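Starting off, we have a lone chain in the form solved without its partner chain, written out as structure tokens.
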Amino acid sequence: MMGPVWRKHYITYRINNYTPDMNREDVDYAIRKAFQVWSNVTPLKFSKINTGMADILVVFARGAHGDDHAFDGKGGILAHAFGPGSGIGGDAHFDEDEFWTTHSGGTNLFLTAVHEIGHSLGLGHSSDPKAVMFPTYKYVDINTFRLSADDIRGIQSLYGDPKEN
């Protein structure tokens, strides 16, 4: 049996609040590129909103932060998201007790965002260590990063593929 999927292809997101670890512009870029990774291999279209309320709310929070799952300080769980649904549904939370970066020190925001957004869209983990949904964090360069076949197969078993033209 499968978890719930989004039942719409236009999905909005809003950045709740910004970590202080990085330039604001880099936060915006990383989340954006991360939605884009999944846009690239489905029909889904994501758009940022600054006011109102959105499907996927992106949050930086430490400790207990108001849902069913408290963060565990620095290290441990880096972040978590919730599968498609209303409300908390689809949201992504990043543990402020990490140090989020654009590089291979601390924890790389773009690559964790890709993994959390995977969950946002309905994916679970992968047993393939090449998949971005593998539950262990490893750095790879952003220019070079690609989804695995396994990641691709799982997202597209959910939303199908693109779609021209």
Given for the second form:
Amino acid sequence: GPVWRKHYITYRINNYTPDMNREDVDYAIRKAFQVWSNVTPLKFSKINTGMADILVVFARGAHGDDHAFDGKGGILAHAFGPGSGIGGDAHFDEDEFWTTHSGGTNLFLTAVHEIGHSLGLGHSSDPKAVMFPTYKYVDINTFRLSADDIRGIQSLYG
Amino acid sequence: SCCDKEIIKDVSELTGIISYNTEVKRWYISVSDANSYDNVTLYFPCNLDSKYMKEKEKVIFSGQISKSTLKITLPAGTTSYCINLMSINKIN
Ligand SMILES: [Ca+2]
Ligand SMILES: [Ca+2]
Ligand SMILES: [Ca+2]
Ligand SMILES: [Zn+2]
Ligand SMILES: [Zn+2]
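Next up, the form deposited with its partner chain bound. The previous block was the form solved without its partner chain.
Everything in the complex follows now, all chains and molecules, and the chain you saw is the first one.
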């Protein structure tokens, strides 16, 4: 599977969801990248101009990449594994109701999961893992990567 | 089967959404896994009737699935198969 060959990775937030305040989207995304940078030699920097390695997009239905979202319900987001262009990009279904906590789809947890894919991780068969396919809500204070998530990401990046 | 690769198994009465992939210029049926972040299975029929070639059309279908041969850019969590449709009907 492909990996980022550099440790300095940039991300850009293409647009924001109207479900949450802009600062709350920024925080969730920054903290989701922090989860992964804490256990790898990767460094993530937010850029607002030019081409980023990981583009963060909020979109509904068809949005130009041949993988149309499915409206409210079904899946929540999708991301592409490391590579040029669309590679690494993380898209969030705008037909979902994104939340800072629960009572909708938690952006932080979904971004942790999608960024894991942006970095080259597949799904985990450990029910405790953030890379486990099932959406599971946990509070941001309680949230921790499982041993399986750590083993998976360190197997790729050290 | 219209599929090039050997039949893995038969799928029965799956519910999906029809869409068109512009990269490989082929129609597919998308089935999402409920309560998952991003688990999706794409079924690329090699025998789809033109009657069902409509964007966002919801169908109930059955068929024989094989590994896909298409060179396609897939997001993580999305897997694709070739499908020889045995039955397909428009729903809602
Ligand atoms: Ca990219
Ligand atoms: Ca959805
Ligand atoms: Ca929304
Ligand atoms: Zn997308
Ligand atoms: Zn996933």
